[PDB]
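For reference, the chain that follows is the form deposited without the named molecule, supplied as structure tokens.
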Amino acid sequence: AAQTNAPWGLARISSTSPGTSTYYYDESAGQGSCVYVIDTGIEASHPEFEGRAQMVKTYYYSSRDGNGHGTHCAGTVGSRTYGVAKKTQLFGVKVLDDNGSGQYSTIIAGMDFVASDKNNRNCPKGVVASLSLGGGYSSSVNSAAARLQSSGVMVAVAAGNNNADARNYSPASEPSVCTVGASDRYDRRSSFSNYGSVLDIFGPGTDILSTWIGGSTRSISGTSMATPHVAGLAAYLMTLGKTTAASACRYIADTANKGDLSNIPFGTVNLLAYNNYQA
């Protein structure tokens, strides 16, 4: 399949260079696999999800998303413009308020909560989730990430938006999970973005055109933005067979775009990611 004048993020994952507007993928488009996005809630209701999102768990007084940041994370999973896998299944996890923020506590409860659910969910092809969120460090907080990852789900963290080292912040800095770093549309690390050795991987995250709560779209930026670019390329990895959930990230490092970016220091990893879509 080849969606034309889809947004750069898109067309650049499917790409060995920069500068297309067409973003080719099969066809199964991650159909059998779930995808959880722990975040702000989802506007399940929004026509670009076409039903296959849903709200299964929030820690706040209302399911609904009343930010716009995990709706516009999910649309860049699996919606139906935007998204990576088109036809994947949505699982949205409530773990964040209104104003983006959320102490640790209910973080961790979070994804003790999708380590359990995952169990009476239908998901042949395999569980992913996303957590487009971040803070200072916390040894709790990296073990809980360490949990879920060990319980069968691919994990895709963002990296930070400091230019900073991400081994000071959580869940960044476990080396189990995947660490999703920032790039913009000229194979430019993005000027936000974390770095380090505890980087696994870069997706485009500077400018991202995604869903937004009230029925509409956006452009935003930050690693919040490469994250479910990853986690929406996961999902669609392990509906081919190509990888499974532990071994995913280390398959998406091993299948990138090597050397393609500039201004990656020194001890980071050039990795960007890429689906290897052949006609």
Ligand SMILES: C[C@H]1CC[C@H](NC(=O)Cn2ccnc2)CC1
Contents of the next structure:
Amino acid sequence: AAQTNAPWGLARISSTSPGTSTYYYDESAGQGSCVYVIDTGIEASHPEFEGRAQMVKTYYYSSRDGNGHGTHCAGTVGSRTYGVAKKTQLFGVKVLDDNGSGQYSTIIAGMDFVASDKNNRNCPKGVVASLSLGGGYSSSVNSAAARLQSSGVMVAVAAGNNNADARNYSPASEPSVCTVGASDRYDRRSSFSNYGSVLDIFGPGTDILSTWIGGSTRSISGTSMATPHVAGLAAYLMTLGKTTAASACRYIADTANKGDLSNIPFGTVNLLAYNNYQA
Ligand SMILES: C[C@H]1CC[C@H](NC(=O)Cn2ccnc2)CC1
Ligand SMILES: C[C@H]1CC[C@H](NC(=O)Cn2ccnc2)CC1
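For comparison with the form deposited without the named molecule, would you give the structure of this protein in the form solved in complex with the named molecule?
Below, the chain from earlier opens the complete complex, with every other chain and molecule after it.
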């Protein structure tokens, strides 16, 4: 399948070269997979989600996304126009309030929730969790991310936005999950992207168009935007049978475009997520 005039990040993850605008992907499109977006919520009523999104848990007085961040990330995973995996099922877990903030205890609870709740959902092709959040190092937060991964969920986490080594941030620094840095449309590391040996992969993160609250759309930047590209890619590849939740991060690294990014610090992987799709 081909989507013309796609957001640059979708085109990039289906290309061996920057500078193209069509997204190419197998029409299975992540059908039969599920992606949990652990964030500020998801505006599931957005036309872009086509009934495939639903809120399943909140830790606040409402499950509504009053911020937009979670809706944007969910759109990059799985919205019809802006998403990698256009037929996946999206599940929202609101661990961040409408200011984008959340206590580590709440974030940990949300991760343990997903590890259990996937047993209440029909996801025959596999389960992914996208975590576009983090803060300073916490062994408890890292342990929760490791538990979620060990339970059979492909965990993709944002590296962070401080132009610093991600070893000092959580859950970015947990080795067993998939830690995602950000790139721009000219194949440069995004100016704010964290780096380091803990990174597994880069995805598009600068100027990413996706869904927003109020039935709208906008372009924003962050490792938060790169992470759902990788989460959606994992769901897509799992539906194709090419990998599993336990192996998808390694598979994405194995099949990535290699050596194409600039301003990658020595010791950080030079790997850009790529779907290897051939019509
Ligand atoms: C909107 C732009 C359209 C053109 C794109 N071409 C490239 O990236 C290729 N390139 C890089 C340096 N010199 C040539 C990039 C985005
Ligand atoms: C409202 C949004 C919620 C998530 C926000 N923060 C991060 O991702 C920060 N981070 C990642 C790793 N270490 C720190 C970005 C804004």
